[PDB]
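Right, I'll just put the structure down here and ask away after.
Only a part of the assembly is drawn; its chains keep their places, and the rest are absent.
Here the chain labels run A and B in written order, and each chain numbers its own residues starting at 1.
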Amino acid sequence: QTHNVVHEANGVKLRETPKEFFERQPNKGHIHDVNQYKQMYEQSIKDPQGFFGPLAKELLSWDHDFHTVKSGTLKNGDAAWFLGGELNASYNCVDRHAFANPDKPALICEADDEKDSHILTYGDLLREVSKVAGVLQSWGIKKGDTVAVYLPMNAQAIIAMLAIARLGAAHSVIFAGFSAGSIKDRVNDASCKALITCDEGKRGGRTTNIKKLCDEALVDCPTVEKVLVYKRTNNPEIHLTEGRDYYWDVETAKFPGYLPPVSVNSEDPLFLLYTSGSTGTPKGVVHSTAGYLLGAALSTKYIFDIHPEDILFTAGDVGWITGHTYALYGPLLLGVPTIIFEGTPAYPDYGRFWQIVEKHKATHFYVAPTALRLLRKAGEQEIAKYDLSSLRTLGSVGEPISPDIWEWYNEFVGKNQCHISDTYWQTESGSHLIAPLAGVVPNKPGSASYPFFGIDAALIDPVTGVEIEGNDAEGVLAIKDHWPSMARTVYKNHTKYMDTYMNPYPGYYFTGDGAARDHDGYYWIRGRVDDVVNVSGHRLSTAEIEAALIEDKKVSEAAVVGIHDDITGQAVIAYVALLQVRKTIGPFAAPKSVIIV
Amino acid sequence: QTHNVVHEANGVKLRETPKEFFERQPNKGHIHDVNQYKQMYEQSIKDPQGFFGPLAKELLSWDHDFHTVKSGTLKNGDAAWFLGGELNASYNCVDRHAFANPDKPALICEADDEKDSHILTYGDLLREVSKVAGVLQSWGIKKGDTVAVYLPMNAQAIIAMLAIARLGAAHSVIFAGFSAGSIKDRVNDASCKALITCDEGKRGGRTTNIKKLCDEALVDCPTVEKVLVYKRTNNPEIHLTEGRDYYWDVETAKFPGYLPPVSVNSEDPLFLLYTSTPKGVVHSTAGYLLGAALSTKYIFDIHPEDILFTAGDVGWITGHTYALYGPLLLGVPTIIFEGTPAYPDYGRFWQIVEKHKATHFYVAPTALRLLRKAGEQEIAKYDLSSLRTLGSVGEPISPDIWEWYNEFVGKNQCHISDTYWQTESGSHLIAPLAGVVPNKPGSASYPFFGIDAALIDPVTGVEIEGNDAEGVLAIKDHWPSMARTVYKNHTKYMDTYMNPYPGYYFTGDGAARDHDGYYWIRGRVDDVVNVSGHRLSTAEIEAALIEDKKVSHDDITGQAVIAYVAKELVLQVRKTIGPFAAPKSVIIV
């Protein structure tokens, strides 16, 4: 009953989900209790064909039926799901709901300034996606191409991603906070034929130089033939290059409000998302179509307990995987409205998150602990001004959540009446790996709890590389078989993919994280074992910051470490031996302080 | 019984279809009587899914089943039909009939000079289409591309169109009477990658300079990579540009008589058709084909044993729908006439009908007016007793011409179908169903399946309830064969059809509805002139006149155009718009 290895586990009472959760639940839950969960879970590991087969047919609409549920192994890096099947990501996210209820809200868009907020119905989204898709089709964008997206977190970003997917092309979303150099690297690696952006961005009332950074990068991007520019501010001083740049509003007006979607194979790439690794240059993580969409829909439904009547607010950016899966693909596949927030939790005041939740009666809130830490510092008193009683599920993502923040999250936001789901996962998993199912799995503050369907989690002895049997254990977190939404390769560098995930511990997938398993099977994430730092939820590479410092002619040696920060979670401190990081990686990746030694 | 608004209807006796019509009918009619028609019609308006769904499966062959019959609205300009479905236009017009009866006639080709006439079976047609499609495929023509066609009304025009559609590309047929400037505009707007044409054309004994005008236009058409040239006259003095121009016979000889068709979506473009700067009217694939087959079957009463003669040019929608797609979809032979009604003599139309025992005749009133003036005596020299349906298209038909049409051509034994429609509707909108709807001479009668016709008060934009009324003709919901956009200019599409009267489709025509529900077309309300059935833009004629450095009613053509400018000036309009659009007389003021 006492853990000698998992010291976080001693004396931690299980936290049942509050009674108000089930009062607010609009229908009978998708899973009765944890005992039904383990039965379903045991099938997803022992019999994936019988478990995922029906779920894929239930949750997805297919243009061609699949003949094989599961293929490949980790050691060979040839995983595949629903082979032979065809579908379209934008049909499952838009069309099928537009035909059913075209007036149902799809994108609840809360702008940086609330005056600019708006709502797109599923019918509205279909027309806007069709029109943008029509623009790209006339430009020659076809299945197999990649299209870059450099946009803030607003309606246009979602429309761009779905419009690209509508044609069978693969979108590559570049976070709007990246510098011009980072844009150059990602666009060139994928050899994108087109780019979608805007003139300027609004964030916290400040104006972002979006189109300006694109131009600086595009001088070294010979593959980019055309650029679509949305007039977000309509600043007339923004230069467009004749013959290359065209306005979003001008071109979409030329095309009809419906365009047929293009069928793609289950294993055709849906998108590339570039992530910073422990060594070298950022790598383009590739996700399939069917496996990723099933992972997105399945986790959104069961881990958050989403029903058609619900409304999800994921306070994350599509520049990162959190926005891809749980701001766009997850909720739209299920046909529920999703709240797309362009601004910050502090503008105009630290009650923005809560005013939004109250305004739209959101039932699910998904946020990073970094924001929780900041709101506890500057805006705790603002919570009580707003209703917030429509919520029943509160999500945590991107970084470990201390038991302290978990309790504050539960009490001040949840009124001690909501379920909290600390979801562990990463860009390469596509969707959740370990997380407490809402209304099913009791919580231990600071623990991700049980592995999700299809995730056979394990602990490996780092010194011997041998899997650790039994509980009260610690080691590197690894998965024993692949899962539908697992990333399939690194763009045109499958060797880097293998050396990173499949080769370090043959037969397993290597998460790069350490974890612990207590007497009850609950998993406690202990953080990265490589040289990767998660600052404010953003995965950074200490090697990538060191490389930026060395680019300066003054610097000869540079080493980046990590410290504990009560607001940024993890801070990075640079040691240099004889603004550069803000122009190489981006303002968000800047060192906290540079120490000259 | 008394009309105070629709004065055309007063004292107009209903004209039942003659008994000889049903004697000549080869099978029991497709609709028993007007009472079954109204039932079928009322379902097509109240329950389109249950009506068109089954008909789409009956009349068309699908590569992928559709999951939604109908989507979109006019107010949003996002109409779509049979979503998720896949098919191929050339498979439904050729392959499926060639496999069933390869020796059945498909294209009955009557050349300008009868010595050059010939007949292609469905098996022959499949091979010629496959061969041309193979040439284009080897040139890189792929689904999504556009291919221009500048050919007379002969087998090559039909084969080219079906070959382009076989690859999933969209053909853009340019009337062979257009000038080099008009060719340049259409090719560049569509950005065609290839062009199919011939060296010269023969029409009425005259030689037309087809390839010569193409070369003149192609100096300003950078998108055209290759040109396929058919030796219509084999005149050896016609130059081919090395590396761009290739001979039809030489290239088709390199490829096999079967090429797999390419599946396209129900809503993928089938073709562009430019109508008067000119605009490319775009038609979908599945909806357009269903409209063509549905109207051809029920309005004309077409059975497999029948033979259709549409005296129209593929340069216009009439040739697209009722000379090619309509008849071929149903698997019947279609007569493709390259010449004029007067060459070699004014009995040509009737000699053709006799020669091939045609059962259906479809012509424009302008041709009837000409034959009535110059060739009435020739009609009685030919049999013509195989006919039972006589169609009129393109312009209103006077009660006089209706009676002359009925008496001298029909011998008072045929059903007459005055069909109202336009390029953007794809197929018939208002027409008397053969053997079902009694006629009122000069009236198109009842709206067709899926057409919910209405009259709108132009001043208030409010729909007019009740009969004995007049107003702007508008339709209250979209239909399968309705055009979907204007190529790369959807904004003009909306401003022309959907925005003038939101929620309705604006035909640009005024009409009247009498106490029996019959519609009387009263003509255009905008500034478009229909000369001999050709929709012209008076703005386009004025614009051509000003380009010149110097410049700063008809009883046969229906409408003539007179220019007021302040021998050469007529030729200037012939070089900008085309000889067919030339002013009758230019008055210099």
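We take it that contacts are C-beta pairs under 8 Å (C-beta built on N, C-alpha and C of every residue); 3 or more make two chains touch, one makes a residue touch a chain.
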*Going from the 2 copies shown, figure out how many the entire complex holds in this file.*
3
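Keep in mind that, in the parts below, only the chains that are shown with their structure count from here on.
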*Inter-chain centre distance, chain A versus chain B - centres from mean C-alpha coordinates, in Å*: 53
_Complex contact set, residues of chain B against chain A_ = 64, 68, 71-72, 76-80, 83-84, 144, 265-268, 484-485, 488-491, 493
*Could you pull out which chain A residues touch chain B in their complex?*
63, 95, 99, 126-127, 130, 137-138, 253-260
